[PDB]
Amino acid sequence: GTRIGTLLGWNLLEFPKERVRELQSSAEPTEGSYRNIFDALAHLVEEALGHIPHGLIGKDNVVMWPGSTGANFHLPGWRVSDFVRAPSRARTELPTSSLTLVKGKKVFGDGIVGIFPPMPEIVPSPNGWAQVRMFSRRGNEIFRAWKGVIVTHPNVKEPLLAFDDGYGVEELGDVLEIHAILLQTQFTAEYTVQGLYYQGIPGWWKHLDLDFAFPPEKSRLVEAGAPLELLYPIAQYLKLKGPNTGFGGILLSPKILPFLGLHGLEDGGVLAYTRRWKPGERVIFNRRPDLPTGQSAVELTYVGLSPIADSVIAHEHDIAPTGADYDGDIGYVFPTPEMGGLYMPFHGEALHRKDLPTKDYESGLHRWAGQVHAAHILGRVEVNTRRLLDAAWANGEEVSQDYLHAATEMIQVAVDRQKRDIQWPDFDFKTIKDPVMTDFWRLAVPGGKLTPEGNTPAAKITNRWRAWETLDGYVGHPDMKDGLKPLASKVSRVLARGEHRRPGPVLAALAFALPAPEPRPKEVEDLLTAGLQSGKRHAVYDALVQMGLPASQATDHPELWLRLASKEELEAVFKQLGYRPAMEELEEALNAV
Amino acid sequence: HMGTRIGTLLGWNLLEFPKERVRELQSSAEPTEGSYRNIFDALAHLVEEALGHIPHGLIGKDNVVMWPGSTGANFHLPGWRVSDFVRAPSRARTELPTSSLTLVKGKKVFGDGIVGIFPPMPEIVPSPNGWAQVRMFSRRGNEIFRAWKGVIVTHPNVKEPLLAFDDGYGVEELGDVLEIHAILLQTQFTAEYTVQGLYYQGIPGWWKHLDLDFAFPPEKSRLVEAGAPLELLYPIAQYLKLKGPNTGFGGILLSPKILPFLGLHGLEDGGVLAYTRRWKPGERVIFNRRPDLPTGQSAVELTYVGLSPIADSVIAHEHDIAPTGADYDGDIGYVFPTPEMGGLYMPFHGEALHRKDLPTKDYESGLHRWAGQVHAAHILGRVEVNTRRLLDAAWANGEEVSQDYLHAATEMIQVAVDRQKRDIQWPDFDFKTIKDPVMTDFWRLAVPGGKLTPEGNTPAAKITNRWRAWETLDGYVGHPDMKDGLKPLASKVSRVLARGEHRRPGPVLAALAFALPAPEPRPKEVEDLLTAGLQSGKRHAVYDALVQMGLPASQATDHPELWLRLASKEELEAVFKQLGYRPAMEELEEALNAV
Ligand SMILES: [Mg+2]
Ligand SMILES: [Mg+2]
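Protein chains in written order, with the deposited numbering: chain A, 2 to 594; chain B, 0 to 594.
If we strip away everything but chain A, and leave its shape as in the complex, we get:
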């Protein structure tokens, strides 16, 4: 996994994470505010490179350009962005002579670019898929390029490609180069804050609970009855959970089914790679982002199994309001309210405006600009709207549906502006002069996912979960705040139970209790010495884990040792020191008075 553009010989700047984010917060839905961030970005590239390098494109912080090591794209400069920046997690090659060029726009469904026979060097299943970027190539010439997903089935004899969904010019290279940018997988399917704000069942907050998430190293300690001291700080292992969990697959069109040699699918109906539902059962389909109207959740019928693994098949017409396409979108399927779900199906009228004045961007920098600008406005509308629902619910009221539609319209023009220069719709931002429950959730659940990504350091995670103490100081729904109190209690006992249980004494103890280390190579003696004498124990410990050092040879390095020991070795030494299993302690804290 390094980037597709690099393998095509492209330059790669990586501007400071912070320098764009500051520049952004001067962004408004105005032509000027664009030309603003446009100007400021121009002279951010110039004060790093000296010049405006020909054919440059950018995402956030990342900028990219060919130089002349860089393979040439036979397509508008700004389009090229979609192709270069993605990781190349796996590669393959096909001679242009093997391909059937099935013709038609959106033949396979709008997003799917190839229906192939098994290809186990990009898709790990016969029944599989991969999200890809694919080019038809000369030597340094790239004539046509496809972005989207390809599927794979035994019944498929010859590789088929949706030619008219390509990007370059008519003529075609002599080899088709395919880069898997995302390997086949299911996706974790949990309710989100946005989702719950926009379409949650009445009193949905009532159904949130605390849970524990241990990475496999730590989960081994927990399973063997490691003392709670070894889990400090317990906050880094906390997460919220919903009353239940969804299914999440890549999203495919029924248009593929004929080419798989299979019959199609009724209107109002869904297939997915799971037996969790019986054919005929209703389910809630969801595609993200959740939009303020609540329109990202629709009720559809589970009609049976998908023939492609890790996928949901649904008609374009059935999921149109949710904004779904087939070029990498994930479909999530949740239980309906009646059978315990937290998302309510959308029943309102949806379909927003047909067209606004639209120019392309003038270059790829123009695009990068628009992108950066738009991204801010997106967040603005998002947060503002959520805040407004806070004030509204506080004041016994509700945000009028017309306004949610207006917000929704801004959000999706924002998303479209990652692509083309589109005129913003008119939209008043109300602004709130109070701390609202939304502000709490941005603290407690940054990004809205109940699954955190534990980059945030030990220092800060405890503060995050300590925020649960300050509910009263936030304005929002009376019943939300009051309903959330038992959960804040639970959080609180768990935190308190671990507050002063530090690991250092247990690490010291294990050093004394464990026997002297068995004989080990001098390269190991030497690494461990190197680590200790310089304060890089952790790098060394990571190395020895990777190089596969055995536990018996690590007993003078308790932290290392804990990472190599077996279940039996851990159990044994914990018994010796007579530690109370952390989980027993944690359960008691959860259940307590």
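It is worth saying that the hints were derived from the structure and are not from the lab. Check the hints yourself; a few may be wrong.
[As the list claims (entries may be wrong)] Simulated restraints on C-beta separations:
| hint | chain 1 | residue 1 | chain 2 | residue 2 | range |
| --- | --- | --- | --- | --- | --- |
| 1 | B | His44 | A | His539 | 41 to 51 Å |
| 2 | B | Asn456 | A | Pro506 | 34 to 44 Å |
| 3 | B | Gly448 | A | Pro121 | 47 to 57 Å |
| 4 | B | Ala517 | A | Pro121 | 35 to 45 Å |
[As the list claims (entries may be wrong)] Going by beta-carbon spacing under 7 Å, a handful of chain A positions derived as facing chain B:
| hint | residue |
| --- | --- |
| 5 | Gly140 |
| 6 | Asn456 |
| 7 | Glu519 |
| 8 | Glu524 |
| 9 | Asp527 |
| 10 | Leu528 |
| 11 | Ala531 |
| 12 | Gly532 |
| 13 | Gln534 |
| 14 | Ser535 |
| 15 | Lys537 |
| 16 | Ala540 |
| 17 | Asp543 |
| 18 | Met548 |
| 19 | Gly549 |
| 20 | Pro551 |
Virtual Cβ for every residue (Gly too), placed ideally from N, Cα, C.
Given chain A, work out where chain B with the ligands should sit, using these hints.
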């Protein structure tokens, strides 16, 4: 790193005593009952401390000891025996249900040391027609009832897992798994004349046929091949070795008794099969099984009668190779040309001295055995060195050691080797000694161990000295013509040493630092290891890790020593051309070929 002892996979604990109070404790040991009982004493007293009791089940060899304790599988056989099963590296593991096995009866049925004839088993043997030297156990829980030591072979024509029941140790009762540990993986073995070999059966004037060569480990070999400067090979002594006029063939040693079980016909008396086309059916070859014994009885003429059905192997009759001492429990068989065709070993025509039925009792414990082993290991060495030493005093006048005496040394050796399992009564032996600088004394310096292929790593300071020993030949008493013949070789060695004496690597390493472009961007963990090494002066350890974890070269260019180890053939050639180095191999050639 992974590869760990079968014992430790079984739950057994382990200690390593220093190489000091083993080479110290033993080095006062005599062919007497009491010399044993005082090596046993100071051992049982050396496990006294460094541990609590003397743990029960305890076994050992040299400076290493192991015991079951809390876990550790419990073996349903004599404690002392178990030594032979728990000590070896488990290089690969496999499991068969006890209902899959067919059990063939009679001792030595597949030949003495072969324990299984099996269908292809790709978990332990790479070749469909392969082998592996194994310990296998029949298992319950921590219950190990019966265990086999020896070789298993593998052939497509074997349909059912065939196993030599009555060769195993323990009780007739059988667990439900058969657990197999491959302790040596199918390989050919490197086949070269040894010093002891040439002392004991060397062609007349054999020393005349030794020469200088280079052995570069792959890392250095990459360098040399890309024309690294001689500076980067310092000290060149660590790459020197002696070489024969020719090389042998070396394979695992199997009994023709296996052939019926592969659906094949057996083998004529006096014949060998081997996995090589280097000989034609008809041709004579010298068969050699180590250790080379003083009688000369470890080399015997046999006829090559065709291919072995099994890869990397030699097949010959217990019958025909029994003077050599060989059986099949992992014994290697070596096959060299006959004298007529350039061989340096001479075939033995004589009576083999293999005395039978002198008082034999067991060891009582397994610490007894350990004691026995350490005790014996020394007596063995002294006899072996003593006997070679006398050959020097003798050829020095113009005499021979009396063949009778060679016979007695041999029988002494054989008992040493046997005393490693059982408490066997020592033979009467006379240690007629010389004290003088003898040529054996030199060989033990220039070629420690006897084997022309040096033992891996000895400190770089000392290795230059060892090859310097060739200066001091005259200091040494023995065969005139040996001493005199070797002069051009002692010269060759000396030219080569001198060609590289003061070409140190420091300067070249500093140049590569400057010549190479700035390192590409590297993960923090890489940055961290590199500073760790730097700050503590342990960079070589750090480099070993990064090599092992597979860092790319473009990221290591500030650490030339590391860089040299990651770089491609093309990348090396390139910087060497830039710095204008003269290829080392050219200079090394010149040093060889000069008047
Ligand atoms: Mg999309
Ligand atoms: Mg043997």
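Hints and how they fare:
1. B/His44 - A/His539: 41 to 51 Å: holds (43 Å)
2. B/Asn456 - A/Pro506: 34 to 44 Å: holds (42 Å)
3. B/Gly448 - A/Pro121: 47 to 57 Å: For B/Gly448 and A/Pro121 the Cβ distance comes to about 50 Å; the hint holds.
4. B/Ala517 - A/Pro121: 35 to 45 Å: holds (39 Å)
5. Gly140: At about 21 Å, which exceeds the 7 Å cut-off, the nearest Cβ of chain B leaves the hint on A/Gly140 violated.
6. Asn456: violated (13 Å)
7. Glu519: This interface hint holds because 6 Å falls under the 7 Å limit.
8. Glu524: holds (5 Å)
9. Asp527: Interface hint status for A/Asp527: holds (3 Å vs cutoff 7 Å).
10. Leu528: holds (5 Å)
11. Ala531: holds (4 Å)
12. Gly532: holds (6 Å)
13. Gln534: holds (4 Å)
14. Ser535: holds (4 Å)
15. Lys537: holds (4 Å)
16. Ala540: Hint on A/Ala540: holds, closest Cβ of chain B at ~4 Å, below 7 Å.
17. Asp543: holds (6 Å)
18. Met548: holds (5 Å)
19. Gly549: Nearest chain B Cβ about 5 Å off; hint holds.
20. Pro551: This interface hint holds because 6 Å falls under the 7 Å limit.
Figure legend: structure checked against the earlier numbered hints; hints not met, in rising order: 5, 6.
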